[PDB]
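Engineer: The primary structure of each chain is shown beneath.
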Amino acid sequence: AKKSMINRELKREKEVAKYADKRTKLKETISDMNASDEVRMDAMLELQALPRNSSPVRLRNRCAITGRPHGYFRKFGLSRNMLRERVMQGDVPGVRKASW
Amino acid sequence: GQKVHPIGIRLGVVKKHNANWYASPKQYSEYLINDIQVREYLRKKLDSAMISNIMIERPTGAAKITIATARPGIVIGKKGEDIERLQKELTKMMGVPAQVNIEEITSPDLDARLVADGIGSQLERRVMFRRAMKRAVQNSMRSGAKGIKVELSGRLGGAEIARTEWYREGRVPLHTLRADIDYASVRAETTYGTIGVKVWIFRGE
Amino acid sequence: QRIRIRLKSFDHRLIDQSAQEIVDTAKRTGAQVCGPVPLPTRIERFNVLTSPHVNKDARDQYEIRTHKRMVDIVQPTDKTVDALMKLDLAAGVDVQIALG
Amino acid sequence: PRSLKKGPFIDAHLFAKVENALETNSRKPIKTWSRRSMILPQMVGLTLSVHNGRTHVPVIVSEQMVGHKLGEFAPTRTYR
Amino acid sequence: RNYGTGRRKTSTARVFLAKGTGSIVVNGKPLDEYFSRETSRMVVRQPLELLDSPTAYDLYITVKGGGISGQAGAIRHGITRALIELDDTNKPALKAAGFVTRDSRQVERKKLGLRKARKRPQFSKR
Amino acid sequence: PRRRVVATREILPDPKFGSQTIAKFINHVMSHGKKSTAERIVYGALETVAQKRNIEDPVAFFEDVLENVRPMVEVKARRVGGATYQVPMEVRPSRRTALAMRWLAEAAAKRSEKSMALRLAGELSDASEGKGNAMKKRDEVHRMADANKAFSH
RNA sequence: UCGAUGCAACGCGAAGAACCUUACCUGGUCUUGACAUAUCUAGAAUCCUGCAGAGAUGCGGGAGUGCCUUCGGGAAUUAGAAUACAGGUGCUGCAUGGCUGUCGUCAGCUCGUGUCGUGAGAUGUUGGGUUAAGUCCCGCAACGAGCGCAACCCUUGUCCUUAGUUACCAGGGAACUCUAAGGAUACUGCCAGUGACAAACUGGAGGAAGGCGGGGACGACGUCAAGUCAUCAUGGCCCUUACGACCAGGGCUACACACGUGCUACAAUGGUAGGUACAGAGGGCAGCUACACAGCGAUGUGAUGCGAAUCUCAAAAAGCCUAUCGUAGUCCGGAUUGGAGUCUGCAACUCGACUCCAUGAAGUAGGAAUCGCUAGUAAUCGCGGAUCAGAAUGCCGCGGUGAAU
Numbered sequence: 001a002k003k004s005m006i007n008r009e010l011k012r013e014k015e016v017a018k019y020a021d022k023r024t025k026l027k028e029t030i031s032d033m034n035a036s037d038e039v040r041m042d043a044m045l046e047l048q049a050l051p052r053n054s055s056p057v058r059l060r061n062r063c064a065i066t067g068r069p070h071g072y073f074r075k076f077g078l079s080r081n082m083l084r085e086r087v088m089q090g091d092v093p094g095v096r097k098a099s100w
Numbered sequence: 101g102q103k104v105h106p107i108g109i110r111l112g113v114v115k116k117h118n119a120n121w122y123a124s125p126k127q128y129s130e131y132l133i134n135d136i137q138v139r140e141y142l143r144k145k146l147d148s149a150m151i152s153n154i155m156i157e158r159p160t161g162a163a164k165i166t167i168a169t170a171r172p173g174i175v176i177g178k179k180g181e182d183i184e185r186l187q188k189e190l191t192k193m194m195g196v197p198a199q200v201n202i203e204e205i206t207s208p209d210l211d212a213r214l215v216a217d218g219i220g221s222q223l224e225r226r227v228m229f230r231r232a233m234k235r236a237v238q239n240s241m242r243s244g245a246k247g248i249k250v251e252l253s254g255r256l257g258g259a260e261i262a263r264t265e266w267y268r269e270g271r272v273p274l275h276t277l278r279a280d281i282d283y284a285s286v287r288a289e290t291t292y293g294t295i296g297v298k299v300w301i302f303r304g305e
Numbered sequence: 306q307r308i309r310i311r312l313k314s315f316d317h318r319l320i321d322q323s324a325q326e327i328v329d330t331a332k333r334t335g336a337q338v339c340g341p342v343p344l345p346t347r348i349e350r351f352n353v354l355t356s357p358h359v360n361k362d363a364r365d366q367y368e369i370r371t372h373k374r375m376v377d378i379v380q381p382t383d384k385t386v387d388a389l390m391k392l393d394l395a396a397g398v399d400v401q402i403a404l405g
Numbered sequence: 406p407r408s409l410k411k412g413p414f415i416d417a418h419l420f421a422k423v424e425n426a427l428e429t430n431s432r433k434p435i436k437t438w439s440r441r442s443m444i445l446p447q448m449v450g451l452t453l454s455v456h457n458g459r460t461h462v463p464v465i466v467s468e469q470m471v472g473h474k475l476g477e478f479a480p481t482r483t484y485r
Numbered sequence: 486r487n488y489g490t491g492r493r494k495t496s497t498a499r500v501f502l503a504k505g506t507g508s509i510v511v512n513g514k515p516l517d518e519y520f521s522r523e524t525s526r527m528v529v530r531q532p533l534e535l536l537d538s539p540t541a542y543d544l545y546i547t548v549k550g551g552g553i554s555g556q557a558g559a560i561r562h563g564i565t566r567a568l569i570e571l572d573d574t575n576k577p578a579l580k581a582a583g584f585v586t587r588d589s590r591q592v593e594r595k596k597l598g599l600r601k602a603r604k605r606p607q608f609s610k611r
Numbered sequence: 612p613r614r615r616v617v618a619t620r621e622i623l624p625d626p627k628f629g630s631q632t633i634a635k636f637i638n639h640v641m642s643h644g645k646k647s648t649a650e651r652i653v654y655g656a657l658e659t660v661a662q663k664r665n666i667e668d669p670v671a672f673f674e675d676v677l678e679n680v681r682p683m684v685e686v687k688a689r690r691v692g693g694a695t696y697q698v699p700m701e702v703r704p705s706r707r708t709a710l711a712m713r714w715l716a717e718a719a720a721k722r723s724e725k726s727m728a729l730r731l732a733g734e735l736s737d738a739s740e741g742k743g744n745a746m747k748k749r750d751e752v753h754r755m756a757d758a759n760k761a762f763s764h
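Protein chains in written order, with our numbering: chain A, 1 to 100; chain B, 101 to 305; chain C, 306 to 405; chain D, 406 to 485; chain E, 486 to 611; chain F, 612 to 764.
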């Protein structure tokens with residue numbers, strides 16, 4: 001993909017890493033039943049006031065090598081194209097052609 | 101485009117993976133990405149010394165990289181001062197010590213990657229493709245390969261229409277699963293485009 | 306003190322020898338050991354499109370097996386534990402120790 | 406729709422524009438792009454200018470439009 | 486106490502032959518209660534009855550896996566394996582019936598691009 | 612196929628009569644691989660006709676109706692130099708039984724009785740005396756064979 | 001938005017568009033730039049903040065002073081000072097590499113030497129058989145070889161051996177199933193015939209398996225200037241305060257229409273309501289949840305076990321027994337619409353999936369035409385997984401029942 005889009009994913013993940021802990025504590029606060037109703041309402045208001053890219057939902061998994069969004073595998077972290085290239089070269093441990 | 105990778109189809113029957121570690125489903129992706137990064141860095145850096153079989157096996161953080169080259173002397177350096185820099189550069193972009201222990205190819209005419217990269221270098225030196233191909237065939241055959249096939253594909257000699265040429269000597273039986281066929285595919289960036297070089301070296305059973 | 310060693314790898318002919326020498330070194334030190342039980346290997350399959358653009362009908366089917374073995378030292382000895390801690394096996398096989 | 410336990414959703418930036426509009430009791434059409442904010446009876450009576458992708462079409466809010474999202478009255482596609 | 490092991494497409498059964506009245510207990514339950522299929526009941530009781538001895542041997546079957554008819558086939562195979570144990574003269578008759586052969590038929594795998602093992606999608610010339 | 616003649620499969624008999632003929636008819640009634648449903652349809656039909664006709668052994672009655680439905684001469688298309696000739700030929704016994712069973716099932720599938728088992732029993736009864744759509748189809752096939760009766764190639 | 005266009009485009013790239021993805025439109029913005037190297041000015045980076053704005057961004061206040069060498073200072077680091085440049089999913093698949101489809105898993109396709117012909121070429125490779133096969137045998141101016149076929153690989157079918165937990169239960173046991181490694185067997189091996197004294201074929205025994213036991217992967221030389229410059233790489237052409245870059249909203253989801261793939265049906269071989277059974281495979285800390293309570297339900301709260309042969313997803317459904325419906329546009333069908341909710345998520349209007357109540361549309365078997373399938377197959381029934389915060393009727397698999405010819 002475009003170098004701009006790769007850097008855009010990087011800067012989108014930077015904010016996620018920067019606000020990872022704040023989101024966790026705030027989420028526990030808003031889901032706390034013992035917490036006061038106005039307290040959890042204000043905490044949720046802050047959560048909706050957080051910067052947009054801080055959410056781990058706007059993150060799109062991309063191939064590490066090519067940056068391709070479509071055809072991604074979590075276990076390997078690469079798009080289907082270069083995944084096949086490296087498996088066939090033998091660079092990917094354990095993985096081989098299957099038949100049954 | 102109708103042929104299976106000779107290495108890949110033989111990955112479990114007679115060949116072995118050139119990456120021998122184990123990971124957990126979550127750790128495996130980052131191990132693989134770091135592995136590919138190290139491989140591309142090595143293949144760009146040691147582009148002078150003819151390395152062909154960099155193998156990555158990482159036991160519990162510490163890794164044991166094993167590069168096999170036809171010219172270990174140049175890549176090791178004087179008293180071993182280039183190898184230490186390579187060691188620390190590997191360690192910097194991996195986790196913890198990457199012990200790179202370096203093998204030696206005692207027959208560079210039987211390794212497909214060395215043959216392919218030699219033909220590629222000759223092609224980028226504006227050498228006749230037919231002569232480079234025939235020279236590689238002769239070299240491998242008289243060095244003792246039971247068979248060699250070399251395919252040159254692209255705008256050969258500046259030709260506007262790309263074409264595929266190839267020479268075969270010996271057997272090189274691709275469909276035999278136990279055939280011990282080394283295979284390499286490289287590219288020569290000439291002044292008219294990319295010329296693909298494929299080399300099959302069949303060595304036994 | 307009944308220790309349990311658990312071996313997990315991708316190569317099935319690596320765990321066989323890894324467990325073979327573990328059981329041999331734990332039975333040659335005057336200790337009784339039960340043979341390496343094999344636990345059901347996990348096979349993960351992947352469907353990777355081979356064409357770079359189109360014709361979804363063409364794809365490679367890959368698999369990765371995760372083989373697992375287990376050995377138990379029913380009665381341990383000091384001459385078994387010392388010889389076991391020196392048996393530094395790695396590079397392909399994960400070994401987990403129950404230690405009890 | 407949404408969850409009742411979560412509560413009504415209104416964007417903070419437009420909620421500030423209406424807390425700076427119902428005290429003042431102005432009739433200036435508040436120009437907004439957040440179509441994802443639900444009309445609450447707090448600003449019932451006044452006017453907003455909701456972006457429909459191309460322009461900021463005017464929506465005068467009424468008494469029977471509360472509970473809806475601001476975009477419901479700003480169609481984006483043109484059939485004919 | 487003759488012991489037989491029978492196998493079918495996915496079910497595996499282990500049968501225990503012992504001379505008795507003719508009662509058959511499958512998975513700690515009577516055969517009729519276990520098998521609501523009349524065909525399955527016949528399939529289980531067939532190896533006993535082709536050679537004219539249904540009420541001669543007590544059977545203790547334990548089945549696992551498979552389906553209602555796969556388990557019946559597995560029990561038939563195991564009963565044949567146990568019958569050949571007490572007497573080898575019954576083996577020719579069992580072979581002529583075709584009960585000693587283990588049906589190797591298995592579910593054919595689904596292939597790539599095919600909707601099933603062999604079912605392909607609709608084809609259009611245009 | 613084009614080269615060999617396959618060895619036919621063995622069909623195990625029906626559980627409640629022990630007859631491969633009734634088993635094969637149960638197969639012809641079957642759909643979606645439901646042996647139990649087909650078997651109860653056929654058994655309901657058989658018990659209905661047996662209780663109505665006061666016959667102790669109905670397998671012989673089924674053989675009688677089957678041989679009554681079976682045709683003997685079927686018309687086959689032949690090609691001789693571009694001419695399509697409808698030559699009447701004999702029916703091999705396996706095809707005889709298959710055609711009879713298929714005709715019985717397809718005729719019983721279109722009647723007006725409430726249950727399919729009742730429909731099948733009524734059709735068996737009707738073809739026993741010599742009526743019903745199975746009989747009409749057999750008569751139609753015989754009619755075409757006799758209508759040609761002029762090509763003995 | 002772009003590509004794919006006869007077979008071999010049309011549930012195709014896309015293994016999953018609310019934002020993101022995103023490549024398109026509207027508007028708001030930046031110009032060595034979001035990203036690499038050359039550089040010199042200050043600072044450890046880094047953290048917490050206020051306001052304005054839709055956000056990108058803009059203007060301000062506090063804490064910290066790294067580490068090794070030490071007064072040259074260095075791996076990283078924030079804001080530019082400028083030239084190189086970067087960047088481009090912009091164009092040319094008819095300049096290309098790599099990758100793929102397809103004829104076609106069809107049995108072919110060639111070469112060396114010899115010989116024949118002025119020659120292009122021929123022979124071999126043709127012929128008699130035989131085979132799934134240029135498979136094999138015998139003939140034969142051919143003699144040989146190579147890539148293809150076959151075999152070697154994986155899975156399943158029987159047995160043996162090592163092993164017995166978290167697996168198993170015949171009498172704690174080391175029997176059995178199972179699990180997962182290593183092997184045994186199968187070779188036309190034996191018998192009878194037919195066959196050129198052949199290859200081979202036909203039948204039979206034994207055996208779990210008989211002739212290629214079943215399934216897969218493996219795709220020759222080449223053909224379509226076949227597909228892909230939008231995975232990637234790359235020759236050339238083109239744009240560099242813009243065709244590059246950032247943000248918000250919208251669109252990719254519009255529908256007089258047409259076609260391609262499907263799903264659900266049109267019911268009685270069925271619908272509904274009660275009981276009662278029988279799987280496999282796969283997933284689970286980026287989680288699955290025992291159990292209890294609350295709720296009509298989706299779900300919610302507490303809590304337990306489990307990185308799993310231990311705990312869980314999870315109950316398999318079709319099936320069987322009883323009752324009922326009794327052929328009706330219905331107790332069939334479940335679209336569409338109204339209302340009220342639950343989750344995921346900053347956010348469900350455009351434009352989510354489920355839940356509940358109400359509604360109840362077409363549809364009663366489908367024209368010309370046309371498709372798949374030869375056995376555990378078709379048909380039918382459920383169950384998993386990839387992608388994935390959420391979002392399968394698609395894709396990839398699993399087992400159940402199970403034909404006709």
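Honestly, the hints are just simulated from the structure, not real lab data.
Incorrect hints may appear among the rest.
Some chain B residues close to chain C (C-beta under 7 angstroms, calculated; not the full set) [as the list claims (entries may be wrong)]:
1. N120
2. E140
3. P159
Cross-link-like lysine-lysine pairs, in silico, DSBU-like; alpha carbons within 35 angstroms at most [claimed, not checked]:
4. C:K361 x B:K164
5. A:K11 x B:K164
6. B:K126 x D:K411
7. A:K18 x D:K410
8. F:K747 x F:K646
9. B:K179 x B:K126
10. E:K494 x F:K627
11. B:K126 x A:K11
12. C:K313 x C:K384
13. B:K126 x A:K27
14. C:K391 x B:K179
15. E:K610 x E:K596
16. F:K760 x F:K646
17. B:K179 x A:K97
18. D:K422 x A:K22
19. D:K436 x A:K22
20. B:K116 x A:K18
21. F:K663 x F:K760
22. B:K179 x A:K75
23. B:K126 x C:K313
24. F:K742 x F:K725
25. B:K116 x A:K97
26. F:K646 x E:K504
27. C:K391 x B:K126
28. F:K747 x F:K725
29. A:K11 x D:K436
30. A:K22 x A:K3
From the three backbone atoms N, C-alpha and C, an ideal C-beta is built for every residue, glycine too.
Engineer: Hints numbered earlier in the text: which of these fail when held up against the supplied structure?
Structural biologist: Hints 2, 4, 9, 16, 17, 20, 21, 22 are the ones this structure does not satisfy, whereas the remaining hints hold.
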